[PDB]
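The form deposited without (-)-galanthamine (GNT) is given below as one chain in structure tokens.
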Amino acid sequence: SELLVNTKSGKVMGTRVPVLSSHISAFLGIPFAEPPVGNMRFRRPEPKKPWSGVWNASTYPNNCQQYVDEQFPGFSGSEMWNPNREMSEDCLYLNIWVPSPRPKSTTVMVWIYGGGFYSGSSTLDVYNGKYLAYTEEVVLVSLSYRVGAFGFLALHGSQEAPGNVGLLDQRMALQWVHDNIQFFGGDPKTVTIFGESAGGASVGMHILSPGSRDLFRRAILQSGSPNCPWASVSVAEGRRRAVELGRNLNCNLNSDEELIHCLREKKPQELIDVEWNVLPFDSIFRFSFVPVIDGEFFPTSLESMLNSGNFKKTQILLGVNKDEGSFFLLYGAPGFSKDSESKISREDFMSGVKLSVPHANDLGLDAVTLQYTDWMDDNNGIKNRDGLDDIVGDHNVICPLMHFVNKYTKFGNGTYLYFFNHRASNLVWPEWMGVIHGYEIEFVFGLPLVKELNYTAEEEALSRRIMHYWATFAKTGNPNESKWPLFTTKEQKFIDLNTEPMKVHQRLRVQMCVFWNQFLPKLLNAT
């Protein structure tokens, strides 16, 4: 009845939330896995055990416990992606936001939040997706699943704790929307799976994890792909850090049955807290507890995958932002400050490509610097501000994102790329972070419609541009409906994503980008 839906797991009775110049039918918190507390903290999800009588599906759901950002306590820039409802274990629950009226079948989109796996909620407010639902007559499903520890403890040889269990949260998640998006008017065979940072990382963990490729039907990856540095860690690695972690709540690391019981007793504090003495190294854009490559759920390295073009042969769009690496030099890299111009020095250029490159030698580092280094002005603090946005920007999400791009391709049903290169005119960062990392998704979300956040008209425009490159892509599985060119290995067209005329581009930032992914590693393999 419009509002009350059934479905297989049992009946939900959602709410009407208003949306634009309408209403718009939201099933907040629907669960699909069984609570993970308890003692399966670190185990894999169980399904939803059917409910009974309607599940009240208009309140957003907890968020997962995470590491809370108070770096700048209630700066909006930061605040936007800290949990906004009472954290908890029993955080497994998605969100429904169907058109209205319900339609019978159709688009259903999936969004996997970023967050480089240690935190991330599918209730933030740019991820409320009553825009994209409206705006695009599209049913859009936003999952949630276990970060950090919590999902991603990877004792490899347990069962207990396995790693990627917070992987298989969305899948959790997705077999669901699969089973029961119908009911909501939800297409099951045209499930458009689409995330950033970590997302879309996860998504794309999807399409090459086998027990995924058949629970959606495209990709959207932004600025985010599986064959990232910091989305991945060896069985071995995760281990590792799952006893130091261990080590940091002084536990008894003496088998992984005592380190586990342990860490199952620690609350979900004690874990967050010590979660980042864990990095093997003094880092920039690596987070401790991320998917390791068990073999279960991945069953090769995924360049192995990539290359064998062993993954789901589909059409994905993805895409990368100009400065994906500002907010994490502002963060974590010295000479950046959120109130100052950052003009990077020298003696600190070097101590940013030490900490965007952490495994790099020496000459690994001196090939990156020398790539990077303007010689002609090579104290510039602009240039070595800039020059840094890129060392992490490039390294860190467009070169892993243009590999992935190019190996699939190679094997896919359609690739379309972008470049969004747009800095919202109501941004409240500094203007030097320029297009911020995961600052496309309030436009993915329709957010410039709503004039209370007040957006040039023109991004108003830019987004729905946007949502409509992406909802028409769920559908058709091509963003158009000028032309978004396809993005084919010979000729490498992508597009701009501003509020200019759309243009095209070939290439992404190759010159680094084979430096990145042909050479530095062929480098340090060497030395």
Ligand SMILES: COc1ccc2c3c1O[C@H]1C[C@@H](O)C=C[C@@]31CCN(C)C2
Contents of the next structure:
There are 2 protein chains.
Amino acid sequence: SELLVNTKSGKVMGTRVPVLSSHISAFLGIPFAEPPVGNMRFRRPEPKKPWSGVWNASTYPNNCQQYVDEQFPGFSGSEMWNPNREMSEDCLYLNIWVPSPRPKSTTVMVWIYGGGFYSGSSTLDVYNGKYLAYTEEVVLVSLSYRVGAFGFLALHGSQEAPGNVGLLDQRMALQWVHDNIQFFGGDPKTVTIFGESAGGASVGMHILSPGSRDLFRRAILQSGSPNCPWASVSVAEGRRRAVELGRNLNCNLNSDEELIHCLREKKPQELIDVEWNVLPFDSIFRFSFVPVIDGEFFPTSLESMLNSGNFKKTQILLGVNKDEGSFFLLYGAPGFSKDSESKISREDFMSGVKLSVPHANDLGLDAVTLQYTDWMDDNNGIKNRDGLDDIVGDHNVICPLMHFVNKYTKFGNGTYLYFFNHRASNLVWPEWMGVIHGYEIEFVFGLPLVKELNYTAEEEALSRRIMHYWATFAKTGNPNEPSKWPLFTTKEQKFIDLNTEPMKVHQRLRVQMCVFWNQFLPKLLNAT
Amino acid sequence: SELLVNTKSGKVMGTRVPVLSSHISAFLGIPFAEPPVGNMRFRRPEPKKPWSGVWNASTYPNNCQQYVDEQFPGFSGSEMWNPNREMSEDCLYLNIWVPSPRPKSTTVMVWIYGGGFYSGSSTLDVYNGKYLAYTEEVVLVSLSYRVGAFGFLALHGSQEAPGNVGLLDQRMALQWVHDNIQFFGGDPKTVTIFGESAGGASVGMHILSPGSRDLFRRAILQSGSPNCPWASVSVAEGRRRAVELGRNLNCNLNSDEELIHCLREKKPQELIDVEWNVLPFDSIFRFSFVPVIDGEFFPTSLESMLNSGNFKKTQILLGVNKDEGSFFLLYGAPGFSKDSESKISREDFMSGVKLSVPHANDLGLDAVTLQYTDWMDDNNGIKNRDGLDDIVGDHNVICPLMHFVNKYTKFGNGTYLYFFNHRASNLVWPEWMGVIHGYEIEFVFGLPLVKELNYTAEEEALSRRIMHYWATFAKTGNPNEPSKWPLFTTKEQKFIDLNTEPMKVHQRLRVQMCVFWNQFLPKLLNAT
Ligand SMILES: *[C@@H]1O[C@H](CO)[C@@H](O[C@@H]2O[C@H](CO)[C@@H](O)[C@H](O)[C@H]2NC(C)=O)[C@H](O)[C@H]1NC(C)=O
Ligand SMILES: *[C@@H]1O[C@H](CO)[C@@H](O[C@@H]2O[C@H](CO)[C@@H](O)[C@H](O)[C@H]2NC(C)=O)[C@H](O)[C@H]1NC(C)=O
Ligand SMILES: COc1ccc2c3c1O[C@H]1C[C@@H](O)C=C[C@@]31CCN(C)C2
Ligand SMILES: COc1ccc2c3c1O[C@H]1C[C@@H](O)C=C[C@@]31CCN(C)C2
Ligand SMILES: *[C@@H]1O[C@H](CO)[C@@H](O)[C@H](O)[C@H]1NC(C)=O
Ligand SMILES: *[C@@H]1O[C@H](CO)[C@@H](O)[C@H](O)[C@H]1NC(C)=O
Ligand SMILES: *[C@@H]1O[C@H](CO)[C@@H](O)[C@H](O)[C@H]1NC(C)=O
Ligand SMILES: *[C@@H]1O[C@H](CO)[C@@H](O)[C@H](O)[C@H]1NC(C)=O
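Swap state to the form solved in complex with (-)-galanthamine (GNT) from the form deposited without (-)-galanthamine (GNT):
Full complex below, order starting with the chain above.
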């Protein structure tokens, strides 16, 4: 039977699912690790013990314990990101969509979900792998990993809560794919890991980490890169945040063991309820528990690894969306709201920049402000709203990614860069947010091919070429079929726009602003 | 007789001069101070003792001792600025052009020549007052003052070389105009002082200095203002430069008196020959001996005076030219030369910015560089040449003037701002220099009305309206006759272009760059 697969871990039984009036097989909720519960909370993951019998893999698994978004109760725009399954610490599962009839040795794609390292689920409707698996004939895998404190509480030096275990969860799922995807007809020597935002920063982290490199072939990073200012912290900051967490729960703080034992006695929601209280600054785009530069998963600082070429050398395809910062200003900067045009006053502009560059002294805040202010028209509310949007996006997503791509390309084997700027005709968010962080995912997963979601025909056509670009690149290391998406080179620095109009090639994506964020501002904060 | 005038200092006899086929009277070379020679070198000026008999004022006087420009032997472009009379320390004279028949009580204009405080002459062909005096019916006065070390060597605390004596020379001539211009038919209650570059910074200095305020009614400043970074130094830097001068002449340096006596024994050319050796940095747009913030002529720092309104409150008309920095890059930055297009390499760009902002640390040089570099096209030689031109102009002339005008307007009684951007059809300098520092003077003095200088008809028409704007403003405090040159207000900040096309009004002249030079960069250099 087509729905039965025997793996090294045991037999698994899937289900047949309809797709664009055809069908494919899906093996949902396959365990790849022991449940990280009880005494295992905060611990490195453990491989799933093989099982006898047949594992029912016909339905989605639980989602990991996480902070649930309540800013807009019932609004689809935000609920589309919330867990759509029961939450549980027992959540280390993966899902596989397999073309029918079962391939023999085809291209494999593994998706790593985003969510600021504090949230996320592999079961979201926007991550439904059937459309892509079906249309491009690829074996599509979505893994899961512990988020928030469960995945990233870091007490460096302790073996009970070393930090980075959520990255180790991802690595375990990648190991499982490597060892078993052949039984589902996937070629383990041709697996592309792709992810968006924290998922994309994760993909870059596996590119850097010696212990992850051998487990995949190529990578795609969407609106995220390993060096993002919000994607990692030092072991000292990690420790300070773990201790502050314990301090919020009235924990004994005398030794690592006393703190960890207390945190392990608390119910999941107890940690989630005080998680946000540990940030060091009033800020936007900063999350409590994230990866730590520990000298293990990351042997040295991310910058020294990037500079010395200490990373997996292969082909990469990555890019950003036009209005990366809007999602974040809506949620936390004064003057912005879901139902107004959010024209921003000069005062709110300034408290907006302060929130965006939390770690900056005054000279630094002035530098940012001057750089983004049109002084011939300083009281223009649209200009102040769009300027903050750019500040947030350039600093947190775009410039860090442009710095990664320029460092990577020096040693890599091929880079393809895109700028996604199509505003979906059916976007439920206000127009002022533009082409929002996370909204290229739906085109990557092919949602525009299902008529009921009522997208336009050109949006469907757009989705199909992005899907074919991603799959052709996973299969060959080149998105083009033998108009061309040119290779990004350290000399030419070319990239393409991704939208419904005829492909247009450009160069040096946001260089002016990125020289300010990658070279000037850091020098300024280091001197003063 | 029309050419005979009896003043409080004695009888003076002028000469009749032809102008645009008519005639006016000129009284050239009238002494207003005792010759500042011998033991008076470096000393405050002394009033000219009255003389009996008649003073022959039919020919131009000597020019003060100065560094003579030899960069382009015989090239009219540079020779037009050089002394065209014998140089001598006996040079404190003034010239008057008087309408014929002699007016009874008409508008008076006194011109203060520029020359970086180290050079200049009232007798240059571009300063010929006959055209203006004749066309607008004004009594036009050009004064003179000691430049270089003779006018500005400063050993604060000493009464023998206190500094600022060149400013005191100007003040003495203004005092003489005040006391005697009525005899030439000028109205001493309606005198406008106007000057260009160091002359314009001087005009601003008389506006600030308590001891000069009462001697004039209104002011016009051309491409210069008192707070220019090159127009004044501290008493300590002044002293250090005077001592270094003495050190270049093998002077005894044990006490002020020993140093001053030695400097007074040297022939004029001996001081001029080593004058440039005392600058503290390798720089462009910096001159050795300039005014000193001494607590006397300038009671407190220029900025605190500007901020507190400690200055003469009246109407002012001022402005700048489009390409203020080119003259200076030609003379001293690598990559620039008179006979090539001077496309500048990225390396020369950078040594150009270093030369332009001499007092800046590295962080500061990087700030300037980032601010003026188009990173999508960093190797564009035209862009690098024009960028340096702007840097030099914005930092040394334009932004300082915009800072003065905004501080002044808060307390003044009326401001008119212009941006002069007409490139003369007969300019002998290369095209790459654009609308050069000093080249609006010829239009202010009406040279385009004499056909032999072969200007175009629209350039003549341009000269006539600038001449009438300047004179109507000197006469009334408003350049407009009752299309309008609007008043510059702290709210609207309006200004006009001055060229051969229909008047166009704009606002916030170079605000973007001037916020960088007047607010950001100073804060940066103060922090780091
Ligand atoms: C990716 O790597 C391969 C080699 O591992 C590159 O192909 C080689 O290109 C050189 C030219 O410098 C040839 O001499 C070799 O014979 C090629 N090897 C093979 C097996 O093709 C390829 O150019 C690299 N791509 C990029 C963009 O760097
Ligand atoms: C220049 O100063 C004069 C006053 O010295 C200003 O004219 C006065 O304007 C006020 C209005 O606020 C009237 O009440 C006075 O009666 C006016 N005085 C005279 C004698 O006219 C004039 O507005 C000032 N100009 C500018 C641009 O500030
Ligand atoms: C690092 O960026 C993120 C930080 C927080 C959140 C999201 C982020 O990226 C967005 C897209 C997707 O990756 C998942 C969740 C996001 C959208 C929903 N919000 C409420 C939570
Ligand atoms: C502060 O600016 C100056 C510094 C030096 C010089 C000049 C300056 O302004 C120019 C215009 C006019 O004022 C007089 C001389 C200038 C032109 C001739 N050069 C050689 C000397
Ligand atoms: C698999 O699990 C689902 C969900 O509880 C159940 O409804 C379905 O019938 C199961 N199939 C088998 C054979 O266990
Ligand atoms: C499709 O469009 C209809 C028509 O208004 C709307 O009611 C429906 O909610 C849309 N469906 C989706 C998935 O948005
Ligand atoms: C004035 O001086 C000039 C220059 O030397 C001389 O030629 C002229 O005749 C003089 N006039 C008188 C009356 O002294
Ligand atoms: C006027 O134009 C002529 C014609 O070429 C030229 O020879 C002369 O030098 C010009 N005069 C001036 C003042 O430049």
